[PDB]
Each structure stands twice: as C-alpha cells, then as structure tokens.
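Given the coordinates of chain H, assemble chains R and V with the ligands onto it according to the supplied hints.
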Amino acid sequence: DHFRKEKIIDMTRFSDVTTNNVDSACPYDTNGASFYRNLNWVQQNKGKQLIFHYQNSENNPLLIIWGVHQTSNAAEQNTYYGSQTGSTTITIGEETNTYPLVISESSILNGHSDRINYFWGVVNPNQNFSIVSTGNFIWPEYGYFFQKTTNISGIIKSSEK
Amino acid sequence: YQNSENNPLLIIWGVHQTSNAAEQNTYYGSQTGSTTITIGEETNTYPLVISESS
Amino acid sequence: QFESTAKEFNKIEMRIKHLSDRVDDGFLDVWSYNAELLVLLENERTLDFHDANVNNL
Ligand SMILES: *[C@@H]1O[C@H](CO)[C@@H](O[C@@H]2O[C@H](CO)[C@@H](O[C@@H]3O[C@H](CO[C@H]4O[C@H](CO)[C@@H](O)[C@H](O)[C@@H]4O)[C@@H](O)[C@H](O[C@H]4O[C@H](CO)[C@@H](O)[C@H](O)[C@@H]4O)[C@@H]3O)[C@H](O)[C@H]2NC(C)=O)[C@H](O)[C@H]1NC(C)=O
Ligand SMILES: *[C@@H]1O[C@H](CO)[C@@H](O[C@@H]2O[C@H](CO)[C@@H](O)[C@H](O)[C@H]2NC(C)=O)[C@H](O)[C@H]1NC(C)=O
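Protein chains in written order, with the UniProt record's numbering: chain H, 123 to 283; chain R, 176 to 229; chain V, 401 to 457.
In isolation and in its complexed conformation, chain H is listed as follows:
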C-alpha cells in the first residue's frame, strides 16, 4: 500500500575510508563504471572499525539491503582494503548477523573472480539496527519504507506491457 525510497545513512560521516566506489561490471546507460544506487561500496578500511546506529522512528517498517565482499586472494584484499581483515556484524532488533572475512577464488563472471553477496532485513517501526564493520562491506545507504498488505499476490512473469 506504500513504498518509499529514503536515505538512511550519511556516508560522509565515516573518516579515513572511501565511499561510493564503482565498477565497470555495472555501467550506466552510456557505458563506463557505476554501482547500485542504494548500496554504497566502502573500501580502504585499513583494518579500522566503523560504527553506525539507526532507529526507525517512521510509522512504517524499513527494508534495507546490504552486501558482503568475498575477495579472490590476499593481493586483491590488500588493494581494496589495505588489510587482511574486514568483518561486519549488522544487528536488526535482536537478531545478530555476522559476516567474517572470506578469501577464495571463484570462476570469473563479468570479469570478477570475487563476489559480493547480498542480504536484507526489515527494521520495524521504533526498532533499531546497527553496523560494525572493519572492511569488505557494502552499506545500505538507501532503504525502502513500506506498508504490508494481507493478501499476497506474487510475481507475474511476462514480456508484455
């Protein structure tokens, strides 16, 4: 019944790190290198820890989507983050989600032997969420406030308009 994108995190408040990182696997309509609009890639954490807290003071639940970077090797991990570490714990209400650093080759797809794996959660009204990250994290800079409906429909798969 309702669905709004909003900005949830001010990424400029994190220091000694780079934000809004991009890649040629996600071009704009032109071509080039871009990235997901709602997900902010943070690099060069350098082992340093970042802390963030948020409270959904809205009268609607909040949907947030994040990603965890699985690097290919120590060299690729060093180039992106400058440390053989980088682990994120994101807590929503009373669940804890911990994503320890994982380094492993995968087969190359879109010029990538590395992977970014995406996860999501729902922050209920007047509930909180927090992020503690030392690297390898793609932040949920934007999210969707939404209103659930009881009657569930699903997805219609068609090429028509």
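Hints listed in this document are in silico derivations from the structure and should not be mistaken for laboratory results.
The beta carbon of each residue, even a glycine, is placed where N, CA and C say it ideally should be.
Any given hint could turn out to be false.
Derived PhoX-like pairs: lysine-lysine, alpha-carbon spacing no greater than 25 Å straight-line [said to hold, decoys possible]:
no. : chain 1 : residue 1 : chain 2 : residue 2
1   : V       : 411       : H       : 279
2   : H       : 279       : V       : 417
3   : H       : 127       : H       : 270
Distance ranges between label pairs, derived from CB positions [as the list claims (entries may be wrong)]:
no. : chain 1 : residue 1 : chain 2 : residue 2 : range
4   : R       : 212       : H       : 146       : 41 to 51 Å
5   : H       : 281       : R       : 190       : 34 to 44 Å
6   : V       : 412       : H       : 227       : 16 to 26 Å
7   : R       : 190       : V       : 412       : 39 to 49 Å
8   : H       : 275       : R       : 201       : 50 to 60 Å
9   : H       : 252       : R       : 190       : 23 to 33 Å
Okay, now just chains R and V with the ligands, sitting in the frame of chain H:
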C-alpha cells in the same frame, strides 16, 4: 552414556559464544574450547567462536 | 480466498517445490471431479424439473 531405558531420551545442551579473547580467557583460561557430541551415528561439532554481539 | 502465485522455493529446495506442485495437483483433481459430476447431476435434475412442471399442468 547408553540409554538402557525402554523410552527415548531428550537431552538439551548449549554452546558458549564468547565476546573477545579476554572474556574467553576469564571463563575458560584458554583460547580454545570445542565440543563434539555424537548421538547414535550423527556427529555434531561446535568449534570455538569468538565474536561480539549486541 | 485470495489466490496467490507465490509458489517459488530456492534451488536446494526442490522437494518443497514438488510438495507445492502436488498440493495444486490435489486441488485440481478435487475441483475437476466435483465440477464434472455437479453439472451432470444438476442437468439430469433440471430436465426432470421441467418434466414435473409439464406433468403438473
Ligand atoms: C483480500 O481477499 C479477500 C478475498 O477476496 C477479500 O475479502 C472479501 O471482501 C469482500 C468485500 O470486502 C467481501 O464481500 C462482501 O461481503 C459482505 C458479507 O456478505 C455476506 O453477507 C451478505 C449479507 O450482509 C450476503 O448478501 C452475502 O452473500 C454474504 O453472505 C457483503 O455485505 C458485501 O456486500 C457489498 O457488495 C454488495 C454488492 O456486491 C453491495 O450491495 C453491498 O452494499 C456491499 O458493498 C460484500 O459482498 C467478501 O466476502 C470477502 N471475502 C473473503 C473471503 O474475505 C478482502 O477484501 C481482500 N483484501 C483487500 C484489501 O482487497
Ligand atoms: C534505539 O536507539 C535509541 C537511541 O540510541 C535508544 O534510546 C535512547 O537511550 C538512551 C539511554 O541509553 C537515552 O538517553 C535516550 O533518550 C534514548 N533515546 C530515545 C529517542 O528514546 C533506544 O533504547 C534503542 N532501542 C533499543 C531497543 O535498544
């Protein structure tokens, strides 16, 4: 243990996830601690996990 | 009740997808059989209904 009773036995256990090396050292005096519990032919292994939670 | 098309399970849950597939097969068999014999029974009764009305005049 062997269940020599004429009824199945329900057992409940727990595995401690410590916050940091200091908390692990205070509770157990070693940066280790791992449990393997085998029931019949299943094996359940719970390696040591150290991580803050909220 | 509200009809839904959300019947998708993940790649390693094909057994759950099969359970959903046979659940819909079961209702398909139930509704098809009941609908066929409903129409057959009522059609025979409807023709008898007209016969009774004619006989009653
Ligand atoms: C999620 O999905 C469900 C299922 O589709 C929806 O629920 C249905 O909602 C509709 C409308 O809200 C319901 O239809 C209404 O039923 C009322 C009760 O009907 C009984 O009683 C009356 C006598 O009072 C009998 O005549 C009738 O046969 C039943 O025995 C009716 O009072 C309503 O009448 C309305 O329509 C008529 C014209 O059709 C008007 O003249 C009236 O003034 C009035 O406006 C209506 O028929 C239906 O029963 C619900 N079904 C179920 C299974 O829940 C949900 O609405 C839906 N959610 C959303 C958000 O869409
Ligand atoms: C969600 O976050 C808010 C803000 O951090 C928490 O409320 C604050 O708690 C402190 C005490 O620790 C108070 O001084 C503030 O006044 C509180 N702020 C508000 C707006 O009430 C709140 O407790 C958190 N929720 C949970 C479940 O931990």
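Status of each hint after checking the structure:
no.: 1; hint: V/411 x H/279; result: holds, 18 Å
no.: 2; hint: H/279 x V/417; result: holds, 18 Å
no.: 3; hint: H/127 x H/270; result: holds, 15 Å
no.: 4; hint: R/212 x H/146: 41 to 51 Å; result: holds, 50 Å
no.: 5; hint: H/281 x R/190: 34 to 44 Å; result: violated, 51 Å
no.: 6; hint: V/412 x H/227: 16 to 26 Å; result: holds, 23 Å
no.: 7; hint: R/190 x V/412: 39 to 49 Å; result: violated, 25 Å
no.: 8; hint: H/275 x R/201: 50 to 60 Å; result: holds, 54 Å
no.: 9; hint: H/252 x R/190: 23 to 33 Å; result: holds, 24 Å
Hints 5 and 7 from the list above are not met by this structure, while the remaining hints are.
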